[PDB]
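Below you'll find only one chain, the form solved without the partner chain, shown as structure tokens.
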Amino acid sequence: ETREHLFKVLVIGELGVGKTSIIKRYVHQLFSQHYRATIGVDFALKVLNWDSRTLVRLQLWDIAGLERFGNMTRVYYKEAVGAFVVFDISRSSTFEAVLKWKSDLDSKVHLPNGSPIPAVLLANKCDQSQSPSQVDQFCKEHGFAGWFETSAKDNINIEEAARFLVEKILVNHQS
């Protein structure tokens, strides 16, 4: 009965937006307020008991904030099947930069069938433009599968956001 999957998932976004902390909360249920800046790429494995016929493992690639200015993202993205694209809900510079990351991603990697990999937008630090129709419009226009406000600090919506992205990866993996 049981089926096991291993998926490569990217976590990308500007310096200091929370990439590392969202992964540490989701995988280890821990949070530190102390900023330790990531160098290049860091990794985690999440093991998700999806349901009774399904075990999913995620290989989480934590891409550091500077890496879009370097020349290695094509290597980093290779064979990814999903992405979280993370900004800091308090700092608009980090929101403007999400399209730079999103365009980098869509230039460099696609699913085996040629489509864009699903990508979910995480507005992180929600604990610190609050808009229902606007979200939908933005995601449609820039090819995001959905959008969640998150807190790594208070553990808000990180689990739901992950399950949402995994759900899209599973449909694509069956298709």
Given for the second form:
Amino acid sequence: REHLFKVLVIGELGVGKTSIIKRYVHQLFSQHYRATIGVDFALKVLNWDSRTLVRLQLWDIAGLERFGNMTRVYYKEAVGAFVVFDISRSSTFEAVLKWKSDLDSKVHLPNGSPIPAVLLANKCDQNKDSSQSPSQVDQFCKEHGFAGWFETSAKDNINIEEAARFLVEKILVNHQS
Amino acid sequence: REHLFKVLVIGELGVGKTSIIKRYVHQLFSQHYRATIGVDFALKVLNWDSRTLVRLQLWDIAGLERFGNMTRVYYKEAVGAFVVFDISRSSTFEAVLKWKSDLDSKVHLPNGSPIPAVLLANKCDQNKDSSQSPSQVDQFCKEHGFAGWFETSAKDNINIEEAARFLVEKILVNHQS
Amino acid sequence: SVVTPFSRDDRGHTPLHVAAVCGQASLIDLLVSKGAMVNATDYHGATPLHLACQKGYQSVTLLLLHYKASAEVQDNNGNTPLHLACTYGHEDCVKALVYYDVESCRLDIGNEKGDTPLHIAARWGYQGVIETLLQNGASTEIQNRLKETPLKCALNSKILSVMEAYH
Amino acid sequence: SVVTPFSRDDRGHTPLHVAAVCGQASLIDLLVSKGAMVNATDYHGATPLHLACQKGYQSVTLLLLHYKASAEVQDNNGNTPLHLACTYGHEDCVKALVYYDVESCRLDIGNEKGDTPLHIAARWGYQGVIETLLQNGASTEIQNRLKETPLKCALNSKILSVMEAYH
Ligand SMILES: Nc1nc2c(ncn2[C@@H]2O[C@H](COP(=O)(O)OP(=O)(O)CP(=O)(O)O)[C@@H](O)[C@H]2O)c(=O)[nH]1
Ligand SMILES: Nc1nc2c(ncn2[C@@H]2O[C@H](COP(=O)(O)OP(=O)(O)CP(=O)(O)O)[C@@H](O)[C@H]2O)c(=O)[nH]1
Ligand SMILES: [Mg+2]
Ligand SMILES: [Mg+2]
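Show the other one: the form solved in complex with the partner chain, since we just had the form solved without the partner chain.
Whole complex next, starting from this chain.
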């Protein structure tokens, strides 16, 4: 058996969304910023069991797009999401709730329940703009319907593989019950 | 002395707006319909006196565009308008008030007063879909701020030259007082 | 008096065609809500989607797919909106087409000339497109009418190489 | 947390650049209302207006002119948005540029290479453009750096003829 999952990657500008995806899929990173024009896509293939394999459709959504009108279209029939913020810019953390509202505003799993979301504190190879504790972030997640969270770095390949896996699990658990 | 005037041509689809302009400017007509994409333009040059000459910027606005959001932009600093309807389609006459509202909604002459509008009953070479009298149309114009009106035909060059002149006069009268 | 979304000019352009080729997405929403036929076809077989993909308007392209536009309609030259997006290298639109559909996107559909989208992307050398196509399973073997594979249609050695990479 | 319209990537693209090149007019309204710099220039001298005219989005082109965008900004190659619209034959955009301005539109501005828009339109043979330009007073005499007039740049005899028509 094989699966195809639509997974969103969302969050403010310059946060690393594209870079994460690019690392996770092609093991590359660039310091150079090129802002995403509307929506970008990438495909990830996974040998999960030997029973089973998963195609991951990654929908890289530009941070600007939450001020436009297109997100309803982009989000449709998504089965999971990363929401991402820059650990060295607290502005971007305040903003994750706006994305999360937007998301849950506009997509449910077929049974009416909000899709699995995983939070990503990106650029952890850098210095904390905010001293918020892991403990607080743990609380936050439970309070706002996030299945999980990870300090990540696109630059230094940290926790991306792990967060991907964590999410896919949650997804598979929904698509066998 | 020479003038440049922005003049709008507005009204429902297939009414003849483009065809009028095309005749008035290049003395051509085609039976073939090509719907206007957004906005079209044409330039008319007039020897008015020997004292004076008038450049006429004709802003052909596609009939569809009143359901979009762009008319505020198109109308800006216009100094006169044709509003046009198909004499053989009464639907299009009901619609002239919507255009006229739109217009006056969104442009005044500098002194706060609505710009000179001239109504055009086009395709008069055809058979009346409605028996409304000239007399009723005369009333209509006075009741809804139209300076004038003309039975016109792009096909058979009727009254276009005359209506153009009538409008330009009204305009000149505003731009010398 | 309200809109008529079924209106045609003499090249078979609906409002929805015009709306698409301008880019006016809000106008699309409106027309569709008023009953506009999304897969309406002009005098040469072009859907609003064909026009968006030609012109390169990803936003519109997606909104049309969102309103159920078919991506497999062939124009008078046998071109899908994907074929058009490939001939004009709108990679952003290509991707929308490939990934929207969820898998049910065929990359094997031949043109008039037998050309798949990959043939076209190779001819005009559009690396980003080419990679996208291959990554989602475009074939390198399919031959067109001239019996040339997409390999043989490549513009350079650069490109040829990128293609053999998967082969 | 609300938008930041002054954000840049490393090619100097503002949101307003991105908004323009997508076609998202509503997003333009919004960005402009939030203080976005309309004549902001990217790493190679391109304004949002340059991007709209390249891409052929008349709606956006006009909306930018409506918000006071300058049509005379020259990019790294000395091209105005008009020069770009002419090289890609977007006649609808050309016209917007020529007629928006009310007369204060110069058609004599040379490129890097000395080329006016008319030179460009002649080279790539875009009759509709060409006529539009001439009708609003483009010169046939101005020579570029190679000292070739727009006449000499014509693609055909067809075109040459149309140009001499005013000459
Ligand atoms: N040090 C460091 N820099 C990173 C990391 N991830 C991204 N960056 C840098 O941040 C900048 C933005 O990354 P990018 O992926 O383009 O951000 P984005 O979320 O896609 C911004 P947009 O959504 O508007 O297109 C880039 O220059 C990138 O190099 C990271 O993990 N560590
Ligand atoms: N008999 C006759 N037909 C006319 C006349 N004017 C226009 N038509 C026909 O009506 C059709 C529409 O004319 P056109 O100028 O394209 O209409 P329009 O107002 O510009 C329609 P749109 O605004 O959507 O682009 C054309 O086929 C044209 O030949 C007229 O005076 N008499
Ligand atoms: Mg990005
Ligand atoms: Mg018209």
